[PDB]
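> The chain contents come next:
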Amino acid sequence: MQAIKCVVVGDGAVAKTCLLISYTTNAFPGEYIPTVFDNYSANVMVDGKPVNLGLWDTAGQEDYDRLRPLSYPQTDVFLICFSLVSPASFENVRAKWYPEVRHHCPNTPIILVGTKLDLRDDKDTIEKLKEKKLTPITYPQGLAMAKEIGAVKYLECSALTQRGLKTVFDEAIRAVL
Amino acid sequence: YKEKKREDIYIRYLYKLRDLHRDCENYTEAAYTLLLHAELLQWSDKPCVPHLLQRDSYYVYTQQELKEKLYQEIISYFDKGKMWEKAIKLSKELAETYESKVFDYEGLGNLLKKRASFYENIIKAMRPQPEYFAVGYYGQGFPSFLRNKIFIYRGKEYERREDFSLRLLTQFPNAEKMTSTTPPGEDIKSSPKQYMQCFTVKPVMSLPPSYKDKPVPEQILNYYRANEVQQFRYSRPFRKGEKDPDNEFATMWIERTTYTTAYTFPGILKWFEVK
Amino acid sequence: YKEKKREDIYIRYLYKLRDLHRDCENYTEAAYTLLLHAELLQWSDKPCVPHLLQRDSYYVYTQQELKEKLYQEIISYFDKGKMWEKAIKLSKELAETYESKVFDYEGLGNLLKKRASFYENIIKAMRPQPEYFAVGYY
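Chains as they are written, first to last, in the entry's author numbering: chain F, 1 to 177; chain E, 1231 to 1505; chain B, 1231 to 1368.
No wet-lab data here; the hints were simulated from the structure.
Incorrect hints may have been included.
Claimed, not checked - Some chain B residues close to chain E (C-beta under 10 Å, calculated; not the full set):
hint: 1; residue: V1332
hint: 2; residue: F1333
hint: 3; residue: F1348
hint: 4; residue: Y1349
Even for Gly, the Cβ is constructed at its ideal location relative to N, Cα and C.
Work out the full structure: start from the sequences and follow the hints.
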């Protein structure tokens, strides 16, 4: 019987907490219940034995850069996250999130994860980005950033569909395993 | 057959099902079935009907002795069935019968040795809690007993909703899911093209009798947490109020859906319809 | 004293007699005496009177716990007293108390281990029958 530490950061405009809580709840898509606290946890079997785990829900505000690194030490893996449909989220990750994280814990396997995979090819979202002059940035350049860090894996998932979501968490767990 | 009370063939199919469960190693369900058979017997000494005398071995077999053999096997099953509460329960009656009717104290000693091992297991080791999902059969291509029927499945220790969903997709053609997870679909109440839906439900906590206030350690309750259960609630999100941006709780109303089935898990079957 | 109900000194002489019997290794009589003491207690949790709190050790001792210690000792005596029927009898109540009030299943396991040993002893070995004589004091 064992447990795994796992951190998740990212701007608050993508609501990764929704994804995490939906997964742990095993809930139906679009049916999760928002709690009042952060840092969710679950006990999961991936292979051989079930293992406990907890997901540090870390708020992505720039100011909490004083408190967030204090959570970093001795975290088995970390999960860097973003929005596939927010070019600004890309700018933050390549510019703020990725740099300072790799600075803080340069020695830990990392997985980059997409978001709003359904909204990536959402034609209305795409045309809103185009008319707002933003790019519904697709996989291959996300793969490029994964190569840029050489992250142990990169994946794209969605909340309204939970597609790959289970795979996302399984890859996260078997990153240690 | 139970309805028709033709009990011998009833037992025959009982053993059929027992064979099935042994093939599936569903030791719990197997033990329940075998018990259900043994329930027929009595601790009386006269073998009253050779109907209960099955084809596995056929000679005198006082009702006592056959019942004893059955209880031995069932206890063995429950042991390797990793569910010891009923094991100890039945050990109690068996020891009673030993002490009061056969007086074979050697069997007493072995049986209580086993019971001590049981208690050790219970307090010492921990057992995973199996997830329970509710299955909604909708459509008309379903067989008669399946169409427009809702079932609850005692899933494995850590089956994710979609793992079990896919496993059921294996069981069926026309493997589709509607999205209106909570309410039914009236057309598909009558339409063909079998429709299904899966979702975990909350195993409503049972009441361990006479436990309501004593500082009983958790292990007992965590066992009772998922096993020996019949009630199942399912939460329901809903927006009821103004969608103020900073706040979600100005709208939060939950239409939790409660489910009461006929028979309490675990049972002879790894699932059951809602009642 | 039993007639006079002054129970504390009653217990004191009870322990006196228990000492005597232990000197004579009359484990049966010792167990009966110690039981007769333990009979006073209850499986209640409040230690109601420190009178029953004797001088062997003196602190909280819920009536339950003291009764449990007493029953343990008595069972031990009956065991080495080579008279197991009452031993099993009392083991039954003790296990009941364990399961219903303390829920310490470890004690359950040890106790039932002992009870199984008891049944084995009873069926297996044989015990001589003591002769009883009548004495006429005149």
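> Now tell me, hint by hint, if it's right for this structure.
These are the hints, each one checked on the structure:
1. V1332: 9 Å, holds
2. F1333: Result: holds, 5 Å to nearest chain E Cβ.
3. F1348: 9 Å, holds
4. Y1349: 4 Å, holds
The structure fails none of the hints (numbered hints given earlier).
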